[PDB]
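Complex shown without one protein chain; remaining protein chains in place.
Here the chain labels run A, B, C, D, E, F, G, H, I, J and K in written order, and each chain numbers its own residues starting at 1.
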Amino acid sequence: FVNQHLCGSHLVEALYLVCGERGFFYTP
Amino acid sequence: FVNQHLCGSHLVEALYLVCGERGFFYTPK
Amino acid sequence: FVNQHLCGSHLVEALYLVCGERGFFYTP
Amino acid sequence: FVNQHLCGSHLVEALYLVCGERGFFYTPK
Amino acid sequence: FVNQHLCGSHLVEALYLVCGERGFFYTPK
Amino acid sequence: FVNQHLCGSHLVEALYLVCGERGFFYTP
Amino acid sequence: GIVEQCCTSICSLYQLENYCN
Amino acid sequence: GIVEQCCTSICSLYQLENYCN
Amino acid sequence: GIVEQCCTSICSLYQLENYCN
Amino acid sequence: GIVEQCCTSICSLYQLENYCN
Amino acid sequence: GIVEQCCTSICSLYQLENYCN
Partner (left out) sequence: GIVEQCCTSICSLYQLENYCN
């Protein structure tokens, strides 16, 4: 699970992958 | 805008586009 | 529906979201 | 290239990749 | 992390996020 | 099939589109 | 909820604004 | 049309070139 | 063009509606 | 395989690490 | 914030778990 530069929709996609049905909050 | 049929990451992408800078909470429940 | 920097495939995705079955034209 | 099974935003993404700079018209009809 | 239900490009995107710089091999077989 | 700047997940998506069930290798 | 609705049924971008901060 | 075909059935990248400008 | 209004500069989804068919 | 499994069934991010270089 | 940790700088999926509900 290497480190990466995640921005915008790519970051939200990553959060979705990691959090799933648990849900998550995206607050810049 | 048209009505939507969004599941999974597609819904999250829609939330990002609609909320943008304001951010959002994804709560599937 | 805040303002954002939408480029390339991200812009087409936004157009798809907004236009849907109505269709749209992407002409740079 | 392989044949494709594309629906929704996936089809639009395919159109973007294939047409690129030339742009395109998405007409679901 | 949560379990996943991934098909098509969504699986490839997951592979990219998990493998990142290390790269990966996508072998549907 | 014009030429484009494809990076990160966008490049993997393009590889997926082009290669499909044949599979592919992403090695930076 | 609206989230479930977007997937099983349909939803508007307006309903989605409900989830913004 | 080809668009509908890509989703209900299958289509080629060549057929998609038809939609380019 | 759309690119100069939404990519170079920033734009709202309402401006995107300008490009629907 | 795990790839097929992710789509027909379910899989973990850990199983996906198997495909990394 | 998440943006400064994952976008400005780089971050691991484990750090992303910090933002799950």
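Throughout what follows, a residue touches a chain if its C-beta (ideal position, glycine included) is under 8 Å from a C-beta of that chain, and two chains touch if they have at least 3 such contacts.
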Next on the checklist: Of the residues H:6, H:11 or H:13, I need the one that contacts the missing chain.
Outcome noted: H:13
Item to check | Touching residues on subunit F - with respect to the absent chain | outcome: 1-8, 11, 14-15, 17-19, 22-28
Checklist entry - Can you list where subunit D touches the absent chain? => result 1, 17-18
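Basically, only the chains that are shown with their structure count from here on.
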Item to check | Pair exhibiting more inter-chain C-beta contacts, E-K or E-F | outcome: E-F
Checklist outcome for this item: In whole angstrom, the CA-centroid distance of subunit E from subunit J equals 7
Checklist entry - When the C-alpha atoms of subunit C and subunit E are each averaged to a single point, how far apart are the two points in Å? => result 26
Checklist outcome for this item: Where subunit G touches two or more other chains simultaneously, the residues are 13, 17, 21
Checklist entry - For subunit A, what residues touch not just one other chain but two or more? => result 1-4, 8-9, 13-15, 17-19, 21-28
